[PDB]
Each structure stands twice: as C-alpha cells, then as structure tokens.
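Below is the structure I would like to discuss, written out as structure tokens.
FYI, not all chains are in this one, though none of them got moved.
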Amino acid sequence: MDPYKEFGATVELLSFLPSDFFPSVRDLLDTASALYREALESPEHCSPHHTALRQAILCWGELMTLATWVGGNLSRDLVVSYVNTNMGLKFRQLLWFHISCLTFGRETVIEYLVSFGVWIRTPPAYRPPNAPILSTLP
Amino acid sequence: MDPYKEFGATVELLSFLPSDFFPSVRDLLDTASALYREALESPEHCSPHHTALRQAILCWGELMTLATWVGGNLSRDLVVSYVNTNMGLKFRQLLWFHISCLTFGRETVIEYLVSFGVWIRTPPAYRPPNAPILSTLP
C-alpha cells in the first residue's frame, strides 16, 4: 500500500517539499475540526479523502495515547521527540495533503506541489518574488 | 554536434543565460524524479525530450561514478571540482532546458530564452530590475 498512490500523488512527490513547510499537527487538526468536523463525523463517507482523514486521525490519536503510556512508564521524554520527527513528519504530510485536497481539490494540490518544488529549487534572482500559495481568488 | 539544434534552440541561445541562472544538478535531478519519473522508466519514450533527459541522467551518473573513483585515487581534489565547474554547468543547462521544455512546452521555453537574451543584452541602467520569469498561460 502507498498512502498517496490512490490519490495520484506519491510520497516521493511530497518528500521534495521542505520538511518545515508543512504546518504542525495541532494546526492541521484545528483546521479539520473547524472545517470538516460534520463531514468526518457523518455516517457516510462521500469521498476517499474523508475516509483517509478519519483513519489518519484515529491512528494519530492511537499513537499519541501510546506515547503518553510510554511517558507514564519509568529517556521516556526522548521517544516523544522521536515520534514527532519520524512519524510526526509523516502524519503531518498526510494530514496536510488530505486537508488541502478536500479544500482546493486534488489537482490544484498537485500543481501547487510541483510549482512550489520548482520555485524553491529555482534561484531567487530569476524567481517570482512571492512563493506560490494555495488559495482561491475572489 | 549541437544538443539543442534538434529542438530548435542553439548553444548560443542558451549561452546568454548566466551560470548562476540554472539550479544545482542535484536540484534538477530531484525535480525530474518528482515530476516525470514514471515517464522516464516508461517502456516508450513519448517524446524526444524524455529520451534526451534519460541519457543525460545516465551520463551524469557515469560522470559522478568517475568523480567518486578519482576522489579515492591517491591534484585529485581539483578534478572533482572541475567536473562540476564547466561540464557540470553544461549538464545542468541541458537538464534545465529539457525539464522546462517538458513542463512549460518547448516553444514557451524558446520565447523565454529569446526574451531573456534581449534582457541580458540590455545594459543594467536601461534595464528592468527583474529578469523575465518562465511560466505558462492558459
């Protein structure tokens, strides 16, 4: 299984964006709760993105519970710094991808990814002054 | 004898671009892997650009193999920089040309090159502060 192969993208595509680019897990969860809480809590799925987001949120909750359990044991404050960079980055990327695809669509996200990669790899002098942004014009 | 004459451009047309205009060869390889990987190992070329990019990647890999071999041979620290000095410059120029032709189209790259040459030939006093930006339009 590949988390993004179903949705066109690949982990290889998302990995070339800077790691610090993705907003923290708390921010992504806040955006999800603000925007699609009723959709995620709906009995019916109506999209692969909603199902994937539900599974990701449940797995993140399970991992946080396991981390809290480990911290309760006994050192244990270094495994929490381990999870936020190894698994934390992966969950951050997955949640950002799914939330952005729900908001702006899969395509817009794919071209935003490729354009932002090209931009960040382009030398600044021969580059647009402002980084590409995922948004909608009035 | 001319890599670009097949695609319409010429060596003098791309010679107008500064050396610092092109990104690092590693950046171009990452861009190619992110964008057109599934096309590059596809069992059919689908374009002359794909074939040229494929054998450019093979050539650069062979050059890096030679550089690694000569690095461990014991001056020898000068050739490792030389391969990235001028031959690396030509390789990154070719990779940029082919990737840009695949992304924005060959023609768009041709007019961007001629506009950039016009911009460079202009003295800085009577020249717009920002160089032309390569992009595509609907």
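In this document, chain identifiers A and B correspond to the written order of the chains, with residue numbering beginning at 1 in each.
By definition in this document, contacts are C-beta pairs under 8 Å (C-beta built on N, C-alpha and C of every residue); 3 or more make two chains touch, one makes a residue touch a chain.
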One sequence, 2 chains in place: how many copies belong to the entire complex? 3
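The definition used in the following text is that only the chains that are shown with their structure count from here on.
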Per the C-alpha centroid definition, the whole-Å distance linking chain A and chain B comes out as 32
List the residues on chain A that touch chain B in their complex, please. 12-13, 16, 114, 117-118, 121-123, 125-129
Which chain B residues qualify as touching chain A in the complex? 20-23, 27-28, 30-31, 33-35, 37, 103, 130-131, 133
